[PDB]
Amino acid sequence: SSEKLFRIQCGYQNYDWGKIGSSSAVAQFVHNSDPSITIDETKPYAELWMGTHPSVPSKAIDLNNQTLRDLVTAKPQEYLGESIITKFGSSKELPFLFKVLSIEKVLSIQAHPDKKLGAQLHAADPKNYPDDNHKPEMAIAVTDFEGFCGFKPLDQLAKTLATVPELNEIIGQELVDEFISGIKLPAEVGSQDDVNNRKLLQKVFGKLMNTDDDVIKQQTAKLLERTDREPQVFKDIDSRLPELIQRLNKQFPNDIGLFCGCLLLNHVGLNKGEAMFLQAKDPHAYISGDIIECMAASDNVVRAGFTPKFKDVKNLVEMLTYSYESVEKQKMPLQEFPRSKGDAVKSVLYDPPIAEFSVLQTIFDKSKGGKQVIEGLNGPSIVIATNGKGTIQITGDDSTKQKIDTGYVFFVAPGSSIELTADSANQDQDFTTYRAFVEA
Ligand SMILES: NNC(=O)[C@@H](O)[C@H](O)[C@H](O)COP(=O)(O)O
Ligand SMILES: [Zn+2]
């Protein structure tokens, strides 16, 4: 039992939107790692939490089952290092939380606070806002993924406002006119034209979000009818849109998210391996797929639709920046990672412009196999295997060699060089790992 490289058994969340039972990647990974856990086949397994966030612990199975949070707290210098202790301001915890999500139904229409709102929300309602942190995040598609992310460009929103009768009726023609006349493009971010564009978009969004629920139920029914009788109205906005509306209405009948997500937010698809980042306060809602997520350590979320959980429409309306930048600006270029070398066919850094984390992906071909060696990184890491199997060890110390099968999660102490090996008695699954880490 090395304290440098060691297995962790991570807790999970059974949120409603999760894939059910053994069809969930969360359930699969949990059970794989600890075959003694009985998967409840009737239950959703939505999120695997890998981290030191107090809401869900990770336990070091060969270090007397103590929690990762406790182990950090007992030895901050060894587990975090002074650079991470100083930059992020804690001796107790990781500044990131790393997750697997396995999504069956769309998540809440949601936004996470920045630092200022984080502190204010936590102070005003610590029950619903359980810490004071911000939560920028990143998603990496493990299977093909869809989600909502950011307000659509203004010309698309103007078109939608003019051509979708059920939305136009909720907003009212005077406000639709005010919005469509008033917007000015191009507008540089920060310019008075931009400021005014955002104020107009906030007026439209607030009018929608504060509409009486019985009105929303009446208009959603008519919207749904219209996707059937006049699909082309919807396809002219975006070709996937009538089917989207139909599919989400089956999940959450007559939900306000049919207006506020489907009509106002970009519908993003990510192919497997593609990724996107979300700065704090970007509005979003993940629709489908299995993903890796990494975020600043927080569970603050303001929700406003597609959920039975706590909704706070007024905070949502007030906090959003109302940016309408193209969503392509937050799809990430994949980068090379010099500090890893070997036989892996993919070795890919996902490093968004967010201080609290990066993620390194490693993939070995099923037939080719081989070994990859990664230098010690200047901060704590979590590694998960999402596919295939192999072995993991501290480089040059064969006594630390351990099996790493699908779903196994390991902590790696700062400075510790790692060597991965693909299983060789095997030629059918590409051994694949994701490692979340941070460096000042
Ligand atoms: N974008 N994804 C996330 O922020 C997830 O990590 C959080 O856990 C979300 O809060 C999950 O969505 P619900 O609150 O259950 O609607
Ligand atoms: Zn989120």
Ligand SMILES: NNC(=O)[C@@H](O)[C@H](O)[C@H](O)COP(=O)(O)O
Contents of the next structure:
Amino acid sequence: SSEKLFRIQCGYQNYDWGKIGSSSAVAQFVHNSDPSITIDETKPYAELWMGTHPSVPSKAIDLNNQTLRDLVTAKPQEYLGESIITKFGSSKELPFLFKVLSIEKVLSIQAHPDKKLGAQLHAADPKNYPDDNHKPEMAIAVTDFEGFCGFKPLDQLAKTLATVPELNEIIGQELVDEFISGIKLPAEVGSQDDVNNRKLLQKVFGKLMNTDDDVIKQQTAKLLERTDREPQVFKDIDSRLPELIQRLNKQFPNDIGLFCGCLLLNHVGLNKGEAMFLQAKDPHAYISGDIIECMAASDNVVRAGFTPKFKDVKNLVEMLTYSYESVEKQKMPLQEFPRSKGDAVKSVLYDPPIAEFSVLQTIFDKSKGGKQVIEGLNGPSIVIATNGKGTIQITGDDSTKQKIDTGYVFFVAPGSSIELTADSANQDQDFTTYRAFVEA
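Would you mind giving the form deposited without this ligand, to go alongside the form solved in complex with this ligand above?
Excluded here are partners and other molecules; the one chain stands alone.
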């Protein structure tokens, strides 16, 4: 067995919003990795955790069933490397958490502080703000995905305000008026028109979010009747909207999220392989699908809807950036990755503008197959195969050559070069892997 490249059996969570049983990628992955585990066709399999989180350990099946957190702790310079220990200040764990999510029901509409606000919140409200940190997140579609991300373009918001009586009602004709009159559209970031546009958005949002519950309850009922009686009004805004409203109301009846999610945020569809970065102080929600998720260790969340939990409206309204870019702008650009070479038809770097993590996407054509060699990286890595099957090894050392099937996950030590080959015989799917890493 190698201590440089080794397989880990990862734990999972059965949260009630997860896809049920084997319809869930989490379930599929868990099962394939350890068929010993019989999937309960009745239960939700929400998340697969990969890393050094104390609550849900990843066990080194070949290294005596030891915990990755344990191995790391035991040998930090070997598993983390100097530069990482130094940079993040830990010797016990990874600076990121890597997961698979299998979403059946919408999660909360939420935003995360930057480090500066994170420390502020933590000092003032430790009960709601567990840590001191920011919480960058990145989502990559495994299966087709839907979510909310950012405010819609202002012109879309003006159309919504003028056209949807129930919203118009809540905001107030004076305010609607002011908004629709006020916004300076061909306007670029940092301009006085950009600034004043955000002030207008903030007023509108604040008015909505401070509305009493009773009113929300009333207005949401009316909204649903309208989706039913006059679908065209909604379709004129976005062809998916009326059915989205109806779907989410079935999950969270008369929730404010029907307003502040469905009417104010971009409804983003990610094709498999596409990504979105969830920056600080930007509203978003996961609606449905199977994704790869990477994030920093924080628990700091400010919630706006689709939740039973505490909604800190005060902080919410003041912290947002009130950015209003397109749905198209919500998706990450493809980056090249010089330190990988070979036959893969897709070898893409997803580099968020934060330090804690990066992801490398490697895809082989099911037909073409082939090999890819990746240089040794200056930090720890976790590799998961989401589709197809192949082999993984330390470049040039065939004694390390192992099976990597769908759902298999590996730890790769800093400095180890990896060679991937796509299953010669098996050509069902494109052999697809995701590697989460960090370099200082």
